[PDB]
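**Q** One-letter residues, chain by chain:
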Amino acid sequence: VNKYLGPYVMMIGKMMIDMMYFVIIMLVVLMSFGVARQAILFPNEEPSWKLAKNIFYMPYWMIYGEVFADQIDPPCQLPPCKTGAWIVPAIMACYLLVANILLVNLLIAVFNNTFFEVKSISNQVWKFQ
Amino acid sequence: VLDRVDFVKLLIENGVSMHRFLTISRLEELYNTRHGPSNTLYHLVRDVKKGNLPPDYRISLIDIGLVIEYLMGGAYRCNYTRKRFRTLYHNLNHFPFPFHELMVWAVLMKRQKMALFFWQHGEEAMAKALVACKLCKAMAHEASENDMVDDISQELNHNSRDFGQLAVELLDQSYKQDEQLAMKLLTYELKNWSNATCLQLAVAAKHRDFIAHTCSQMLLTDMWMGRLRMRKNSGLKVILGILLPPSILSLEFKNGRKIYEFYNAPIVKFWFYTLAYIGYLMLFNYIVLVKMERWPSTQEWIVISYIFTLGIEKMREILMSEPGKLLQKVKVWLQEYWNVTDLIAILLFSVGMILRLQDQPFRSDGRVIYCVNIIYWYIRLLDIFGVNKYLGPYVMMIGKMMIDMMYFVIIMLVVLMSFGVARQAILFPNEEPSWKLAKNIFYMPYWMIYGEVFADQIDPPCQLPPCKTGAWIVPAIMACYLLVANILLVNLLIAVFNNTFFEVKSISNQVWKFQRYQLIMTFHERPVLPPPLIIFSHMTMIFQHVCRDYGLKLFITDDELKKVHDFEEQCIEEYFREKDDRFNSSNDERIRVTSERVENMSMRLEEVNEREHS
Amino acid sequence: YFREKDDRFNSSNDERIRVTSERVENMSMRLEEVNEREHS
Ligand SMILES: COCC(CCO[C@H]1CC[C@@]2(C)C(=CC[C@H]3[C@@H]4C[C@@H]5O[C@]6(CC[C@@H](C)CO6)[C@@H](C)[C@@H]5[C@@]4(C)CC[C@@H]32)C1)COC
Ligand SMILES: COCC(CCO[C@H]1CC[C@@]2(C)C(=CC[C@H]3[C@@H]4C[C@@H]5O[C@]6(CC[C@@H](C)CO6)[C@@H](C)[C@@H]5[C@@]4(C)CC[C@@H]32)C1)COC
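Chains as they are written, first to last, in the authors' numbering: chain D, 992 to 1067, 1080 to 1132; chain A, 497 to 588, 632 to 794, 861 to 1067, 1080 to 1164, 1177 to 1243; chain B, 1204 to 1243.
If we strip away everything but chain D, and leave its shape as in the complex, we get:
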């Protein structure tokens, strides 16, 4: 009902679609990284639904500032090092660089370049409604 708080909600509703169009690519990259890391680090697992949870959990939490290098690649007194355990930090670095630099800035540009028409349409529709 507010003169200023209606068009903002309409803009949010109109921008959710553009956000969803990038969520899919982000999910693809995240799932690839998670599957690679889980497969490399745990080679003696049995089929269980716990496997389907470790794919998305930590890779999703890591792109919101919750990075812990002591758990992406545990040091390896210590139990013997897994075969090819050094690829995990490299793929983690590549995944972070792709997720937090390229796609986020591209989405920012997409939001920035498509603001004027959305604002005008939202104002017109609010005045009509």
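Think of the hints as simulated: they come from the structure by calculation, not from any bench.
For each residue, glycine too, the CB sits at the ideal point set by N, CA and C.
With a cut-off of at most 27 Å between alpha-carbon atoms, the simulated BS3-like pairs for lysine-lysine come out as follows:
1) 1130(A) / 1005(D)
2) 1005(A) / 745(A)
3) 1182(A) / 863(A)
4) 1192(A) / 730(A)
5) 776(A) / 994(A)
6) 1044(D) / 896(A)
7) 1208(A) / 1191(A)
8) 1005(A) / 1122(A)
9) 771(A) / 863(A)
10) 896(A) / 1041(D)
11) 1130(D) / 1005(D)
12) 919(A) / 930(A)
13) 934(A) / 1182(A)
14) 1085(D) / 896(A)
15) 994(A) / 1122(D)
16) 793(A) / 1191(A)
17) 1085(D) / 1044(A)
18) 730(A) / 579(A)
19) 1122(A) / 1005(D)
20) 1041(A) / 1085(D)
21) 1005(D) / 994(A)
22) 771(A) / 1005(D)
23) 1122(A) / 1122(D)
24) 1192(A) / 793(A)
One side of the interface only, derived from the structure: several residues of chain A facing chain B at Cβ under 7 Å:
25) 1231
26) 1238
27) 1243
Based on these hints, arrange chains A and B with the ligands on the given structure of chain D.
**A** Structure of chains A and B with the ligands alone, referenced to chain D:
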């Protein structure tokens, strides 16, 4: 021969007819003239004849046909080199369409005004424009290859651009006047142009504005949908029909046999391929997530069969290429990055599989190879996504922005390496040479710019062991490094991405619209079975080896051909009339004509006032 | 260079409008003077 266009027009207006004037002898005399601007025809003829022509040689029509075949492309066949014309030429007339030959001669001899005059007289104007554009492009490439005076290339490029613009404007006029006849105009077979179509000619000339037009896009949509009339809700119905074959019989078809027409549609093949690829990816995830045993399980056998069938299909698709030589076909196939990446991934998977069926260490190495290789097949889903109207240009934009990201990665690496070397050198002054030193330089400085900052480990407090000499510089250099990395470069990159978005978006949309055609043709050519079970289709063709009604062309009769020619002539006449009417009513022309008339009127009035009859 | 500059300047819309206005003014004045006479 003197390039007098106005005199040619005047003589045409005074009874002269090209249907009776033009003969083989007169055309050959025209092709061997010297009273005009310099051209590059003789160099092309010499190159085609392998540089073995005698001095002051006389060019015949067969040489011109060979030059045209060389310029147009691979599969193009000129009418001069056909057997009927060779028989008629060795045993000695007339030309049913003289303006075709006249325009080709004008284009080859680089007489743009004469070619423009000849273009609007006759039938099949759009095909002539496309052929002229392609010929000019090829001639410009050839001229620029062999160190000419370097301006002939730009003149030929300008001529090609002019012809392409004319073709685009004619297509726009035709679509605006009548849509169905315009679509029929783009697909009928051209018997005089090596049995090609206007769409194929436009694709061969790489004319992106022509393909990206609305009429071409809707023609491609109709071609992609096959013989199915569904437009309101596709995809779901196609998937339902694929999963439920009995459900096929509840669809509206274009004007027992429903199964054959349904399965041969490109969209159905695409959805079948997508479902098979999704299943293969699921099986790959299953085999890499669970414990691996001594011998491959059923799912591993399935994925191996899938990858092997895909490899043999890719191998067979290289032996059906247009070029003749085997080694030439390989270097033509190896022109898309996707094919090279697929070949590399297949070879790596083969190496991993070979190393997998061995003892425990080799098996572990093969498993690690599988784990590394699954990433490429996960990433490949973007190629499938590229079919969506919205998800293709985004991928193209990502590909175009990666270069700008890389141009800043280097500076970020320089700053990071400087900080890491300084910190490691200051904090650990009693180390021995080891490769562990080369790891501490990049690890923590890189992790710290993604929110993993720990002040208790950048500068440990210093009961405590004695403080290192100059250990207080580390927090200061860390603060400076954070300020530089997370404020300056990131915001500059954001600005660079923001200010270079409009042109990238437009180019991506245009290129996606252009490249829809290759996707449609590729899925029209492909068999009716997915790669996991194409083994049936790869052996049937062997037995049939020793044994395009629509989707590529459209065969039409003669009365409809006459109707199409009349429609095209009406469209071009309307286009020229509209151009003239728009030009005559502009403000600049009115001002100029008014100024000239006022000047003449003032002079005449002064002359009139000069007389004194009183 | 100088010839191109002069040719571009002479064919501009503003110069054509100005010259046309001056010529029209002179022509109107001369036609009024011509109509001023009465030989009949
Ligand atoms: C404790 O004992 C439990 C046991 C039942 C365990 O059954 C297993 C059957 C395979 C299954 C369902 C299990 C774990 C990983 C699961 C994968 C995760 C994959 O993720 C997806 C992720 C996203 C997709 C793109 C790729 O695949 C799956 C296709 C994939 C997926 C769901 C295939 C299915 C796998 C559980 C008892 O039952 C009798
Ligand atoms: C456990 O015992 C191991 C021992 C072998 C150890 O050899 C040492 C030889 C020097 C070497 C290779 C070592 C550690 C730091 C290494 C530096 C890191 C630098 O980084 C780079 C970083 C980026 C560049 C811009 C600057 O230099 C190197 C030029 C630099 C660099 C690679 C020079 C080489 C150094 C290992 C056994 O061998 C018999």
